[PDB]
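Only one protein chain is missing; all other protein chains are in place.
Every chain is named by a letter (A, B and C) in the order it is written, and numbering of its residues begins at 1.
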Amino acid sequence: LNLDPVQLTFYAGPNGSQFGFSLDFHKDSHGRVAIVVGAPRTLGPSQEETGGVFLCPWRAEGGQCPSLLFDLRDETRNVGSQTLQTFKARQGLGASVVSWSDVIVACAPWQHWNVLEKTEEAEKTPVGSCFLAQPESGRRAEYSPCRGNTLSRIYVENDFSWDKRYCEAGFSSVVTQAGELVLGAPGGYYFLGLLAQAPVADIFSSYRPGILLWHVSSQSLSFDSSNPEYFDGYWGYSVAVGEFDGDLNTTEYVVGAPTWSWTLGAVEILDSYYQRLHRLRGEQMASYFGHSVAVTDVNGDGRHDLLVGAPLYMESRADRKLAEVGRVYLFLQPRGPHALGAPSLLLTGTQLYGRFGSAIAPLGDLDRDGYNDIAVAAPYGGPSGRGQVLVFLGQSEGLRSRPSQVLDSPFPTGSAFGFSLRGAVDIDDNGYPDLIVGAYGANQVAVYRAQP
Amino acid sequence: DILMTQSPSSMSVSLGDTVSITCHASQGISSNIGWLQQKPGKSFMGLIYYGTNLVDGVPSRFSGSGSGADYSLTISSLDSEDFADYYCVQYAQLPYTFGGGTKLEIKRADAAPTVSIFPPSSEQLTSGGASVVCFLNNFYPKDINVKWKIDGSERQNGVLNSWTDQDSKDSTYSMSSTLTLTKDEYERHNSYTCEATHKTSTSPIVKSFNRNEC
Amino acid sequence: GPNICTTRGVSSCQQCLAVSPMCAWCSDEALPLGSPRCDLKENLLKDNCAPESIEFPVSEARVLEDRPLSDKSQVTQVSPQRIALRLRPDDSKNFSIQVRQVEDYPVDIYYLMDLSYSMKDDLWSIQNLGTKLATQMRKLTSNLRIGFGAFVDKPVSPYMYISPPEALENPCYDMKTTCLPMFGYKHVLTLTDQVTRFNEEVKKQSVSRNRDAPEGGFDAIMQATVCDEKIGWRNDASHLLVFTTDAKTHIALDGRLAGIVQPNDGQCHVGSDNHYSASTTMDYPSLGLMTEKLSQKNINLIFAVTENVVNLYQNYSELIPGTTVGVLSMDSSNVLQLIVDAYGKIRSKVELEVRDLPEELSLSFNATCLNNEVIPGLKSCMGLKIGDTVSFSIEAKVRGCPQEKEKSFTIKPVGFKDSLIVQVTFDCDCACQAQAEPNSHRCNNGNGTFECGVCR
Partner (left out) sequence: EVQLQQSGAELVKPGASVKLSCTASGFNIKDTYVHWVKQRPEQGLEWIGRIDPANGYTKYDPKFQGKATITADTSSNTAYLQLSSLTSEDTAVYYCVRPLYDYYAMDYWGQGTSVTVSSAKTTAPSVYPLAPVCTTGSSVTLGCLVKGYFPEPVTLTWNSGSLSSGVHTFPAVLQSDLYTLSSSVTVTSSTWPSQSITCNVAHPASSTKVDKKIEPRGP
């Protein structure tokens, strides 16, 4: 209701870099808020696409940002009569970026990997990898839990079980408050999908350069399955964390599986051991129910609610005609040991091909009335199709059906305005939480300040 | 198989010294080398992995260096705890191969041995055997040779030898040398001699007894 | 009292006919001068005028060409084909015409072959199905045109095996066998009436290989829909797009696993080499976008999928109205019936258009369609199947007497090669005018000529 749309700040990256594909607020040990931006098609130092990360400091005027530096050199290690190989060309560094304390974790989901042993090989495949940075010290670490040294043949002999060769780890990422990094790997287990968890501290302390295959003892990966419902489900396309079992001493994981059960889609709430606690099923096939997942208490009762996005949902219209507009589903958490029932509210897009629900950002309390608010992206919405982000204020009954405010893309056609979003952080120190919106198509980020 | 030649096999050094152990591979092993430590009687502790990375908990004074086929472990300012055996292992190829080892030894001034010859006890002579024991004690450095003579002639077959480790107090070495022969023969000869040769002298230390002479 | 024949100058037999079509002329010289010569034929016969002397033309319409309507080379759809009308001043005449839809309805079938490795065992099935569509639908309609293309998936990691280097040319490298290089969508053969050729090319096809079970056939569907000139769909023709596969299908937003985030623009990107050039840069289409272009380009999608996935594609079908599903198998009956069933629903019209109709001639029509009701002033019937016959009754009215004397026009149905050529002669003179007799004889004052009992 109170994001100023006239007073904007534009941060810009280089052409064709997809600067703004992903972003997050980052806070240094001093307390100063900055904006980390991911640019998955940034040219490396030898004019080949490697992707890149930028750390933007808060300015009213905005402008260009400094490049958070990472090692873009490929690595080879001949060890144990094998040849380990990393390939960073077209790895998409900054396809996702997340911050926690004084660390930043930017991932390259399509970083390739191979192992050669005489005439045989593991196969050159996109295991993915995450680069971890600590700006104020300069420390760097990596985490690539899907790398292996198993030759192609052995997977065939074992019916492709425990096949992590195509994980694309870091496709999605989130960090718990304790400092456990959780990665989405929708290619995991032959495109079932998987999650890999590891304490940020333990990643840093077990990493050394040039090793390539190393053990992070405290890590916890999810499991493979031979249940056809999970096949090609992309479980981990999106990921999130929250509190859904009443016990504050444990953390629950929210996983999006948008093509689960023959493209029906699903989202699951799980414990830290990856035992399923609940499963929400998609309403309509190919709608990509699970593309987005957001956790926030919107009705002021202290229990986290779940928001799921299905951006390709087709709405029914006059004379049996369908219209792709996109849909967001709200699930308010009830009291005690009781499952998440049917949706408390359905929000549906209005523009054809608008992809409403492509991103869902908890805004915190935008108007400081007590109830938390959210932002929902329609990257190709608005009458022109340039994009649109819609604010929804929270209330006792959940959310409002009608949006409180509508942000129209200031960038030209194709920008994907709203493809990325983040809030709940006060960047200018005025008491109200703000919103950063990414337009990778236009290589920019728009910062909207909340005002009284 | 890759051969790991380690050097030196031993060195005599002092507390506070900075020392280096080299280790040479028969082909290049691109830093795929580990360094190990074995203290007297104890088991193994990993010191360095992948050439230069210290294992968790290993003290600052240990460091690794080198590349290709030639690597070095360096201990700076030796602690008394650092007098032990050290080995390199390569894991560039299967099978993993180890170095010969390098033993850090406590340096001290040269000392000649205290040689003492003992004839067969009455108990042993009654039972039918006859062993002549000779102790060469508290000497430095460790290399020493012992010779046995019966009535002037050198006796080689039937000698057993044992050496202690470097002493915990005075850092010296001791040897024991037992000549065993049939009682039958023992009583057929008179003079029994035990000659210790050691770098502390050009001429050997001779100790003898003549059978039944009191 | 008096009629228009008698009381309008009438100095001659020619002017007499020119006055009105109901006028007659008495040439009988035995008639007294008091009696009028230009009058109604009843009035003449009432006044003792010789029956043989009465000049009273009657307009007619003889059939010149009358080949019957065809059943099942020549193929006659209009009958009669040639008529000879003969008219007198201002007079009109009518005639019949029958039109029948004999020739078969035009149908386009484009065939999409899943040639991924999972279809190795299903290859004979899709080869059998293709050639059966070709041959059996040719028997159903001689105006069939048929073509095909193949698809695998986006030739990009992780879908494509990208190692070792040999695997790019031969994806089956690590199986110690050979298969073709991977590809997104290949247009292979444009919609053609050459069935024997289509079957040969279809039987030549072989499989390729890719990493993941869901394939990129929806790209092929989109491009086969929107690439008009490449595929060759005809404007006035029934469009069928048969889609074969034994597995799941990639859908919009799957592309992000290959680093592809650009939404499908719905435009054609095939061009010269017959490959879908956007395969590695553009995302798969969404069901809505597919629906839009299928509807816009007027194409009926048919999923011909194997039994393990029928339920998947039946469910997609309900999200794309007008789509239908048949089972791909060793037997081609299920799928063929869908096509016959579609052909069974086709209905045509008969809409008469006139060409070269002279300034003077004006027409009016009576339509007798399948309801067997004479709808007056109507010249078109709608809702015909092959074998149906409608009928029209046309009346032509000439304006007076033209100087041309012999013209022709053509009544033709829209979309038919067949037509009716109607030849029109204008009969303005009298038979007694030939017997001119140049000399006056009776006048003898330099008047000249004496025809049908008159000086001038």
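The rule is simple: contacts are C-beta pairs under 8 Å (C-beta built on N, C-alpha and C of every residue); 3 or more make two chains touch, one makes a residue touch a chain.
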Residue of B:22, B:32, B:166 or B:193 touching the missing chain in the full complex: B:32
Given B:137, B:191 or B:197, the one touching the chain that is not displayed: B:137
Listed residues B:22, B:166 or B:174, member touching the removed chain: B:174
Contacts of chain B with the absent chain, listed as residue ranges: 32, 34, 36, 43-46, 49-50, 53, 55-56, 87, 89, 91, 94-98, 100-101, 114, 116-121, 123-124, 127, 129, 131, 133, 135, 137, 160-164, 174, 176, 178, 209, 213-214
Chain not shown, touching residues in chain A: 79-80, 149, 206-208, 211, 213-215, 217
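Note that in this section only the chains that are shown with their structure count from here on.
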Chain A and chain C: spacing of chain centres that average the CA atoms, whole Å: 56
Contacts with two or more other chains, residues of chain C listed in rising order: none
Parts of chain A lying in touch with chain B, wherever the complex brings them together: 77-81, 208, 210-211
Residues on chain A engaged by chain C in the complex (per definition of touch): 21, 40, 90, 92, 95, 109-110, 112, 114, 121, 123-126, 152, 166, 168, 171, 186-187, 191, 231-232, 234, 237, 258-259, 262-263, 284-286, 288, 291, 311-312, 314, 320-324, 352-353, 380, 416, 440
Residues of chain C defined as touching chain A within the complex: 157-158, 161-164, 174, 211-214, 248, 251-254, 256-257, 259, 261, 263, 286-289, 291, 312, 315-316, 319, 321
